[PDB]
Amino acid sequence: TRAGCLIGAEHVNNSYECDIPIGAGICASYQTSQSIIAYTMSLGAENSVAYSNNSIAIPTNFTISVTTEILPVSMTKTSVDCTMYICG
Amino acid sequence: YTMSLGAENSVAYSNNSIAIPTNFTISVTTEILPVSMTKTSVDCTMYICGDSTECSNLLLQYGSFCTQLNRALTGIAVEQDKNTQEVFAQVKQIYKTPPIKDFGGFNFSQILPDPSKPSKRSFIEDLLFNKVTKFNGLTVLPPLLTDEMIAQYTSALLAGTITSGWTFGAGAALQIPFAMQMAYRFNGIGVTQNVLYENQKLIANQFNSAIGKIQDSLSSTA
Amino acid sequence: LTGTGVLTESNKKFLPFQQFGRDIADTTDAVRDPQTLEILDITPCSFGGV
Amino acid sequence: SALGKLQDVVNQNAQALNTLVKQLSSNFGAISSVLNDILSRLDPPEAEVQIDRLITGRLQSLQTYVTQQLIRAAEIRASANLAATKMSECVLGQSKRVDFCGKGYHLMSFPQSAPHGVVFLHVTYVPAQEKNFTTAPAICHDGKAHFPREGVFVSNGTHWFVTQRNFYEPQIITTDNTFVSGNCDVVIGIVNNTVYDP
Amino acid sequence: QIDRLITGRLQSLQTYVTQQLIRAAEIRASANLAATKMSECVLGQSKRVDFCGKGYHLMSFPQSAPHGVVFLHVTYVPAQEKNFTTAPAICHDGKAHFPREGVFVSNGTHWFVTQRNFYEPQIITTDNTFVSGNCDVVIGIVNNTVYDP
Ligand SMILES: *[C@@H]1O[C@H](CO)[C@@H](O)[C@H](O)[C@H]1NC(C)=O
Ligand SMILES: *[C@@H]1O[C@H](CO)[C@@H](O)[C@H](O)[C@H]1NC(C)=O
Ligand SMILES: *[C@@H]1O[C@H](CO)[C@@H](O)[C@H](O)[C@H]1NC(C)=O
Ligand SMILES: *[C@@H]1O[C@H](CO)[C@@H](O)[C@H](O)[C@H]1NC(C)=O
Ligand SMILES: *[C@@H]1O[C@H](CO)[C@@H](O)[C@H](O)[C@H]1NC(C)=O
Ligand SMILES: *[C@@H]1O[C@H](CO)[C@@H](O)[C@H](O)[C@H]1NC(C)=O
Ligand SMILES: *[C@@H]1O[C@H](CO)[C@@H](O)[C@H](O)[C@H]1NC(C)=O
Ligand SMILES: *[C@@H]1O[C@H](CO)[C@@H](O)[C@H](O)[C@H]1NC(C)=O
Ligand SMILES: *[C@@H]1O[C@H](CO)[C@@H](O)[C@H](O)[C@H]1NC(C)=O
Ligand SMILES: *[C@@H]1O[C@H](CO)[C@@H](O)[C@H](O)[C@H]1NC(C)=O
Ligand SMILES: *[C@@H]1O[C@H](CO)[C@@H](O)[C@H](O)[C@H]1NC(C)=O
Ligand SMILES: *[C@@H]1O[C@H](CO)[C@@H](O)[C@H](O)[C@H]1NC(C)=O
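Residue numbers (the entry's author numbering), protein chains in the order written: chain A, 645 to 676, 689 to 744; chain B, 695 to 827, 854 to 942; chain C, 546 to 595; chain D, 943 to 1140; chain E, 992 to 1140.
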C-alpha cells in the first residue's frame, strides 16, 4: 500500500464507502464466504447538472426534516490534595 | 521618524447634503487559512533507549508516560485528519462543469481544472503548490485524504457554485443561468436588476481584469 | 564508530582527506570503507507499528 | 452513535484518573514505592534521597496532569462558547447563516438537555421533486423592458407566467408585478410577450 | 548516568508534546474558522460586514493549498460620488409623502426620487411613496408636486 504493508486482505478494483480508514485513500471492509477487502474510497456519486442559459428548475413540493446536533457544555469538576497525594 | 496613522479627511457634513454614488467597480481579494499539519509520531524506547537492556529496565520503573504520549500523538493525528475532513468534505454528490461554456462574459479559466497533468489542478492551485516549499524513532504518518481528492472536492464545490449557485447546499441542485444568479446577488445588496442586465459587459470585463491582476500578483510576489 | 543499519552503495563523492559523513541533523549517514575507496551509506532498517 | 463526544469526555477523564492512580504506585528509580518501608529499612541519609526522588516524580506527574486538564478545560470552554452562540442565535430567533443551524432553510430549533451537554433539534425546510422550465431576463411589450419585482419568468411551452423561485405558483403576468427600466435594446434575450393591464 | 539521561530525554519529550498540543489546538481553531467561512460564504451569500471580503459580498470560489485553503472573495465597492441636496419628505396635498424604497434627491431646480448605492433618477409618483400624517411634525419637509398617473 501507500501507508504500509497490508497482508490478510484482497485488493478489489471496486470503490465503496470508506468503512475502516487505513491511509492515503486505502479503506478496508468486511463484505462478500466473506473476507476482508482492500479498496479505494470514492468521494461520492457523479452528478452532471444540465446547465443551459434558458433553463430554470423550480420545486413543486416540500418536505419538513428535523436534524440533531449534540455539543458538550461542561466538564467534570475534580480537585486534588497536594500533600495527601505526594506525602501520604 | 514617528509613524502616522493615515491621512486627514474632513467630510463636509451638512443637514441638507447627501452623496449618492453613480458608478461601481468589482474587486476580487484573497485570504490564506491553514487547515492541518503533518502527522508525526515519536517512539518512546527507540528515542530514549537505543538498543539497550538495562536502559529499558530502568525506563520500565518510570510508570507509563510512553502510553500517555502515544495517546496524545494519536489524538493529535486523528484531530488533524478530522479538521480537513470537516473543512473540505462538505458536498454529497460530486458535481462537474458542462462542456459548453455558455457563461456570458464570465471566463472561468484560471480556477477550473485543466486536463493536462496527472494531478488535475487549476493554474492558481499550481501557483500555490509551487510557491510553498526515520533516524531516532521518528516517523511521519501519511494523510488520509490525498491532494487529488482535495482538488476534486474543490472542483466539485466550484462547479456546483457556478452552475446551481446557492441551491446545491440545501437539498437538490437547481440549474440556473449565471446572469440571473448575478442579478440575484446584486438584488441581495439593494441594487436592482436593471443595473446588471445593462452593464453585464462592464461587470465581466472588471471581473476578468481582477482575476488577471490576482494571478499576476500571485505569480510575481512570493 | 558503531551503529546498526544496512550499508548501501550511494553516489556521495567525498573529499580525498575526508573519511566520515553527516547531514543537517548531525548524524552518521555515510562512512568510507578503509580497505577500498568506496563510499557506503548508512540507513536504519524497517521499523514501525503493527 | 450521536453521543460520541459526551461519552469520550468521560472516558478520557476516567483514563487520566486511572493513569494518575497507577503512577501513584511507581518506583521512579527507588527500592520500593512504599515510603514507610523505605524509611524503616534504610538509614535517614538514603531515606532523604529516596523521598526526594519520589517527590520529584510525583510532582512531575501532577504537573503533567494539571497541564492536560488545562488544555481540556480550554477545549471545553471553546465548545461551550460555540454552544451558547448557537443557542442565542438560533433558538431565540431565525438565523440566515447557511449550514449553521440545520441542513437547509432554518425554521426553528428546540433545545434539549443532556448529561454535560446540550442537544438541538433543528427544524429545516427541504425542497422536493423539481421540474424544468424556460426563463427569460425580461419581457418586451411596447418597446420597454419589463423586469419582475419579486419572482421569475416561467414558460410552460406556450404561455408565460410569473412565480417566486421557491415553489411552482404560476401567476398571470401584469403590470402590477413588473416595472419598466428603459427600452428593449440592451438586455440580452428579452422575449416579446403580452402584459395584462388592470 | 543512564537514569539522568532518561530523565533529561523524558523532560525534553514532554516539553515537545506540550508544544505540539498547543500548536494542534491553534490549528484546530483555525480549521474551524476556515470551515465556518467555507460553509457561510461559498455556499450562499453572507450579510456580515467585513467577514468575507472587504465590501459587499457577492460570491466566492474555493482554492486548494498545501495544508490550507485559499478563498477568492468577489466584492462590490462603490465609486465616484456626487453632492446633492436631500429632504425628509414632500408636502404637496397638505400631507407628507415618505419614500417607499429610495432617497429623495434634488437636481438643484427640480426634485426626483433615487435609490441608494446607485444614482438612478426617477419621477416622484403615487407608486413610489406613501402618505402618512400631515406636514406639521416633519422637520425639513419641502413642497413639491406628486404626479398621479
Ligand atoms: C430536467 O433537468 C434534470 C436536471 O438538470 C435533468 O436530469 C433531466 O434530464 C431534465 N429533463 C428534461 C426533460 O429536460
Ligand atoms: C408532497 O409530498 C408529500 C409527501 O410525499 C405528499 O403527501 C404530498 O401529496 C406531495 N404534494 C403534492 C404531490 O402536491
Ligand atoms: C465606470 O467605471 C468603468 C471603469 O473605468 C468605466 O469603464 C465606465 O465607463 C464607468 N461608468 C460611467 C457611467 O462612466
Ligand atoms: C479565458 O482566458 C484564458 C486566459 O486568459 C484564454 O486563454 C481564453 O481564451 C479565455 N476564454 C474566453 C472565452 O475568453
Ligand atoms: C588492501 O588489499 C586488498 C587485497 O588484499 C586490495 O584490493 C586493496 O586495494 C588494498 N587496500 C589499499 C588501500 O591498498
Ligand atoms: C401551459 O399553460 C397554459 C395555461 O395553464 C395551458 O393552457 C397550456 O395548455 C399549457 N401548455 C402545456 C404544454 O402544458
Ligand atoms: C443561449 O445560448 C444560445 C446558444 O445555443 C444562444 O443562441 C442564445 O441567444 C442564448 N440566449 C441568451 C439569452 O443568452
Ligand atoms: C419584439 O418586437 C420588436 C419590435 O417589433 C422586434 O424588433 C423584435 O424582433 C421582437 N422580438 C422577437 C423575439 O420577435
Ligand atoms: C462635495 O463637496 C465637498 C465639500 O463641499 C467637496 O470636497 C467634494 O469634492 C464635493 N464632491 C463633488 C463630487 O464635487
Ligand atoms: C439639472 O440641473 C442642471 C443644472 O445643474 C440643468 O442643466 C439640467 O437641465 C437639470 N435637469 C433637469 C431634468 O431638471
Ligand atoms: C440646516 O442647518 C442650517 C444651519 O446653517 C439651518 O439654517 C437650517 O434651518 C437647517 N435645516 C434644517 C431642516 O434643520
Ligand atoms: C410650503 O407651502 C406651505 C403652504 O403653502 C407654506 O406655508 C410653506 O412655507 C411652504 N414651504 C416652502 C419651503 O416653500
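Rather than coming from a laboratory, the hints here were simulated on the basis of the structure. You may find that some hints are simply not true.
[Said to hold, decoys possible] The calculated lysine-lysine pairs, modelled on PhoX-like cross-linking and capped at a C-alpha distance of 20 Å, are:
| no. | chain 1 | residue 1 | chain 2 | residue 2 |
| --- | --- | --- | --- | --- |
| 1 | D | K1045 | E | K1038 |
| 2 | B | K854 | B | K811 |
| 3 | A | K733 | D | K947 |
| 4 | D | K1038 | E | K1038 |
| 5 | B | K776 | B | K786 |
[Unchecked claim] Computed, partial: chain B to chain A, Cβ under 8 Å:
| no. | residue |
| --- | --- |
| 6 | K786 |
| 7 | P792 |
| 8 | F800 |
| 9 | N801 |
| 10 | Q804 |
| 11 | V860 |
| 12 | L864 |
| 13 | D867 |
| 14 | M869 |
| 15 | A893 |
| 16 | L894 |
| 17 | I896 |
Ideal Cβ positions, reconstructed from N, Cα and C, are used throughout, including at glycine.
Verification of the hints:
no.: 1; hint: D:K1045 to E:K1038; in the structure: holds (19 Å)
no.: 2; hint: B:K854 to B:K811; in the structure: violated (31 Å)
no.: 3; hint: A:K733 to D:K947; in the structure: holds (17 Å)
no.: 4; hint: D:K1038 to E:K1038; in the structure: holds (9 Å)
no.: 5; hint: B:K776 to B:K786; in the structure: holds (17 Å)
no.: 6; hint: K786; in the structure: holds (6 Å)
no.: 7; hint: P792; in the structure: holds (5 Å)
no.: 8; hint: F800; in the structure: violated (12 Å)
no.: 9; hint: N801; in the structure: violated (15 Å)
no.: 10; hint: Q804; in the structure: violated (20 Å)
no.: 11; hint: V860; in the structure: violated (11 Å)
no.: 12; hint: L864; in the structure: holds (6 Å)
no.: 13; hint: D867; in the structure: violated (11 Å)
no.: 14; hint: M869; in the structure: holds (6 Å)
no.: 15; hint: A893; in the structure: holds (5 Å)
no.: 16; hint: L894; in the structure: holds (4 Å)
no.: 17; hint: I896; in the structure: holds (6 Å)
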